[PDB]
Amino acid sequence: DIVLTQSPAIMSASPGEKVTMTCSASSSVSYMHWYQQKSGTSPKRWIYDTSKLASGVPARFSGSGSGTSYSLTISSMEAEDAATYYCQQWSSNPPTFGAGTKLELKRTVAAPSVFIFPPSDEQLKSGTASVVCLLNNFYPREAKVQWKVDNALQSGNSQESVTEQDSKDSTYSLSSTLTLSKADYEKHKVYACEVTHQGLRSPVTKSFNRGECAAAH
Amino acid sequence: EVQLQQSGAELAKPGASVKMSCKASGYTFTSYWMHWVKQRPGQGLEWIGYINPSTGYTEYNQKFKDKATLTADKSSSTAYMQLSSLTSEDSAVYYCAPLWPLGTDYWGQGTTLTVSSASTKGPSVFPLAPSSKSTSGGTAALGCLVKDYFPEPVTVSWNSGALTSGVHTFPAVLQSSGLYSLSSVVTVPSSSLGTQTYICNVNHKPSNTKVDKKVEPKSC
Ligand SMILES: OC[C@H]1O[C@@H](O)[C@H](O)[C@@H](O)[C@@H]1O
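Read top to bottom, the protein sequences are chains B and A. Just so we're aligned: 206 in the deposited numbering is position 206 of the first sequence, and the numbers increase by one with no gaps anywhere. Just so we're aligned: 159 in the deposited numbering is position 159 of the second sequence, and the numbers increase by one with no gaps anywhere.
By construction, these hints were calculated from the structure, which means they are not laboratory data. We put the CB at the ideal spot given by N, CA and C, even for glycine. Misleading hints may appear alongside valid ones.
[As the list claims (entries may be wrong)] Pairs of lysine to any residue residues, derived as SDA-like cross-links and limited to a Cα-Cα distance of at most 25 Å, are as follows:
hint	chain 1	residue 1	chain 2	residue 2
1	B	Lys148	A	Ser176
2	B	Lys102	A	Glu46
3	B	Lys38	A	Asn52
4	A	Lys205	B	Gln123
5	B	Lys52	A	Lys19
6	A	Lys19	A	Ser76
7	A	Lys23	A	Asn52
8	B	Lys44	A	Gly42
9	A	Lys214	B	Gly211
10	B	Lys38	A	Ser7
11	B	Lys38	A	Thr112
12	A	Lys65	B	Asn93
13	A	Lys65	B	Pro94
14	B	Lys44	A	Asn52
15	B	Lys44	A	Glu1
16	B	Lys125	A	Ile199
17	B	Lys52	A	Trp100
18	B	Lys38	A	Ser117
19	B	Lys182	A	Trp100
20	B	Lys168	A	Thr112
21	A	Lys65	B	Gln123
22	B	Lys102	A	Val93
23	A	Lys65	B	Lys38
24	B	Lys182	A	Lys213
25	A	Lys67	A	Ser117
[To be verified] Here are the in silico distance ranges between beta carbons for each label pair:
hint	chain 1	residue 1	chain 2	residue 2	range
26	B	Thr5	A	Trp100	42 to 52 Å
27	A	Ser119	B	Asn93	24 to 34 Å
28	A	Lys65	B	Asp121	49 to 59 Å
29	B	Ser155	A	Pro41	15 to 25 Å
30	A	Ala162	B	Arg201	32 to 42 Å
31	B	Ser91	A	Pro171	46 to 56 Å
32	B	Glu142	A	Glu89	26 to 36 Å
33	A	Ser207	B	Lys187	29 to 39 Å
34	A	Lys74	B	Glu17	47 to 57 Å
35	B	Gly199	A	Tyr57	55 to 65 Å
36	A	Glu89	B	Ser202	41 to 51 Å
37	B	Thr5	A	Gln62	19 to 29 Å
38	A	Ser76	B	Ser155	48 to 58 Å
39	A	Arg40	B	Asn157	40 to 50 Å
Next up, chain B with everything else stripped away, as it sits in the complex:
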């Protein structure tokens, strides 16, 4: 099968900026197609036969390329162009798709507001402990969130969830949830969330000691 690699996987563009995304093929192809998928909707044909715009696609869009190298270009980025773009070939069987380029709106850097939530008494009664660290309204998305339990860096027991780019201020919000058994939770004292992000001059730490926070015990 012909493998299509789209670069970059995720990119951000300022308003009015010129944007170009590439679709590379592991073997030569004669034509390239492009589909646009907005979040929570179906893909739609956007460009066909390398350079032909689908009906209703605005004139700022264009595509080009030949052989093993193709590209899609927006002359002037507009907010409605935020979406994921998939390239697709059928010079060889079976037809294959790229993994997509997610194009998002670039805005100024905004440092996250960090909050830490100790586990509720109700959940401790049920025998598990969830510690939640919240990164609110930040940009860009890249953020390093480290859990330390008595200075021990945690691995494999946390999971992150991130919102879509906010429609109004173009920021992201992120939650990191540290899940422990009640037994392991009561075996340690200090629970810390350390956040490293371009908008912070130095990393921010939110932490608590199991015990300076009133509870059932």
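Go by the hints and put chain A with the ligand onto chain B.
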């Protein structure tokens, strides 16, 4: 005008079978090959195969030859896809699309399939309590953790919908347990913490559970 209507979401257990439909209107059903594509989050798009509704001829991605079965009915303008011997790797959104020949740019709305041996279960709602550990200067954050429910989705509101500003409800994550979990958070002025009451309205109704949990300023 042109319409590709796909059947509703499907929940199945491992090893079971499922058959989904794709009703075409607004164009000559026989004049376009109906392709089927699979989409998982964190994955790209995968081409399964196509059917020529005029002749019934089908071509398959070798990767899906023993998984998918493509049918078409001309009289109802409907194409069908059956997926057998289901595994968790088959949980995805599946689109039908008349990709060839060119002329119709639209795809179907998609059919979401979740295959899981998990049982229907309502969530436990735990407070994400505000306090000094949840306060910057004049802004405080609070929320509700909606944990251990199945299947998707859950709906969360605040103060019966009266509070929408600053609300972030995160996408659900499927835990290794096979149950879903998410948190919904809100930022409020810290001065209003001890005076105004904040309740989250958490709803997951495949289990028909509706819970409103008061999130209260806890003291650290
Ligand atoms: O499908 C690609 C294009 O083919 C043309 O024949 C149609 O007029 C367009 O509506 C369509 O976008």
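Hint by hint, here is what the structure shows:
1. At roughly 22 Å between alpha-carbon atoms, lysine 148 (chain B) and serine 176 (chain A) fall within 25 Å of each other, so this suggested pair holds.
2. For the hint linking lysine 102 (chain B) to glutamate 46 (chain A), the alpha-carbon distance of about 17 Å falls within 25 Å, and the restraint holds.
3. With a C-alpha separation of about 28 Å, the suggested pair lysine 38 (chain B) and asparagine 52 (chain A) falls outside the 25 Å cut-off, and the hint is violated.
4. For the given pair, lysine 205 (chain A) sits about 22 Å from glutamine 123 (chain B) by alpha-carbon distance, which is consistent with the 25 Å threshold.
5. Distance check on the hinted pair: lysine 52 (chain B) and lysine 19 (chain A) sit about 36 Å apart at the alpha-carbon level, beyond 25 Å; violated.
6. Proximity of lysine 19 (chain A) to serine 76 (chain A) is assessed by CA-CA distance (about 16 Å); at most 25 Å being required, the pair is judged to hold.
7. With a C-alpha separation of about 15 Å, the suggested pairing of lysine 23 (chain A) with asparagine 52 (chain A) holds against the 25 Å cut-off.
8. Only pairs whose Cα atoms come within 25 Å are accepted, and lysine 44 (chain B) paired with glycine 42 (chain A) is accepted, the gap being roughly 19 Å.
9. As the CA atoms of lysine 214 (chain A) and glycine 211 (chain B) are separated by approximately 23 Å, the hinted pair is consistent with the 25 Å bound.
10. Taken as a hint, the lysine 38 (chain B) and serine 7 (chain A) pair is honoured in the structure, with Cα atoms around 21 Å apart against an allowance of 25 Å.
11. Proximity of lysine 38 (chain B) to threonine 112 (chain A) is assessed by CA-CA distance (about 17 Å); at most 25 Å being required, the pair is judged to hold.
12. Restraint check for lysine 65 (chain A) and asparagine 93 (chain B): satisfied, since their Cα atoms lie roughly 14 Å apart, inside the 25 Å limit.
13. In summary, the hint linking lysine 65 (chain A) to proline 94 (chain B) is supported, as the alpha carbons are separated by about 12 Å, within the 25 Å threshold.
14. For the suggested pair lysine 44 (chain B) and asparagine 52 (chain A), the alpha carbons sit about 21 Å apart, so the restraint of at most 25 Å is met.
15. At most 25 Å may separate the alpha-carbon atoms for a hinted pair to count; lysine 44 (chain B) and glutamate 1 (chain A) meet this at roughly 15 Å.
16. For the hint linking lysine 125 (chain B) to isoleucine 199 (chain A), the alpha-carbon distance of about 21 Å falls within 25 Å, and the restraint holds.
17. The straight-line distance between the Cα atoms of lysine 52 (chain B) and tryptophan 100 (chain A) is roughly 16 Å, inside the 25 Å bound, and the hint therefore holds.
18. For a cut-off of 25 Å, the pair hint linking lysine 38 (chain B) to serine 117 (chain A) is broken: about 31 Å separates their Cα positions.
19. For the hint pairing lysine 182 (chain B) with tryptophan 100 (chain A), the CA-to-CA distance comes to about 57 Å; that exceeds 25 Å, so the pair is violated.
20. About 29 Å separates the Cα atoms of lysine 168 (chain B) and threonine 112 (chain A), which puts this hinted pair outside 25 Å; it is violated.
21. A distance of roughly 46 Å separates the Cα atoms of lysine 65 (chain A) and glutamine 123 (chain B); the hinted pair therefore is violated under the 25 Å criterion.
22. For the given pair, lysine 102 (chain B) sits about 18 Å from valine 93 (chain A) by alpha-carbon distance, which is consistent with the 25 Å threshold.
23. For the hint linking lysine 65 (chain A) to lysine 38 (chain B), the alpha-carbon distance of about 30 Å lies beyond 25 Å, and the restraint is violated.
24. A C-alpha spacing of about 22 Å is found between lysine 182 (chain B) and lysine 213 (chain A), which places the hinted pair at or below 25 Å, so the restraint holds.
25. Of the pairs offered as hints, the one joining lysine 67 (chain A) and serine 117 (chain A) holds, with about 19 Å between alpha carbons and a cut-off of 25 Å not exceeded.
26. Checked against the given bound of 42 to 52 Å, the beta carbons of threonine 5 (chain B) and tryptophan 100 (chain A), roughly 24 Å apart, lie outside it.
27. Here the CB-CB span from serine 119 (chain A) to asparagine 93 (chain B) is close to 42 Å, at odds with the stated 24 to 34 Å.
28. For the hinted restraint 49 to 59 Å between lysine 65 (chain A) and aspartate 121 (chain B), the CB-CB distance of approximately 54 Å keeps it satisfied.
29. As the Cβ distance of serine 155 (chain B) to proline 41 (chain A) is approximately 23 Å, the hint placing it in 15 to 25 Å holds.
30. Taking the beta carbon of each, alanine 162 (chain A) and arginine 201 (chain B) are about 38 Å apart, inside 32 to 42 Å as hinted.
31. In this structure the hint that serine 91 (chain B) and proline 171 (chain A) lie 46 to 56 Å apart at CB is violated, the actual value being about 37 Å.
32. With their beta carbons about 29 Å apart, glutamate 142 (chain B) and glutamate 89 (chain A) fall inside the hinted range of 26 to 36 Å.
33. At about 33 Å, the beta-carbon gap between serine 207 (chain A) and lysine 187 (chain B) stays in the expected band of 29 to 39 Å.
34. Between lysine 74 (chain A) and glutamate 17 (chain B) the C-beta distance comes to about 49 Å, which sits within the given range of 47 to 57 Å.
35. The beta-carbon spacing between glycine 199 (chain B) and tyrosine 57 (chain A), approximately 57 Å, falls within the hinted interval of 55 to 65 Å.
36. Our hint of 41 to 51 Å for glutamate 89 (chain A) and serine 202 (chain B) holds, since their Cβ atoms are close to 43 Å apart.
37. Between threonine 5 (chain B) and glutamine 62 (chain A) the beta carbon distance is about 21 Å. The supplied range of 19 to 29 Å therefore holds.
38. Remark: the range hint 48 to 58 Å for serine 76 (chain A) to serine 155 (chain B) is upheld by a beta-carbon distance near 54 Å.
39. As the Cβ distance of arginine 40 (chain A) to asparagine 157 (chain B) is approximately 24 Å, the hint placing it in 40 to 50 Å is violated.
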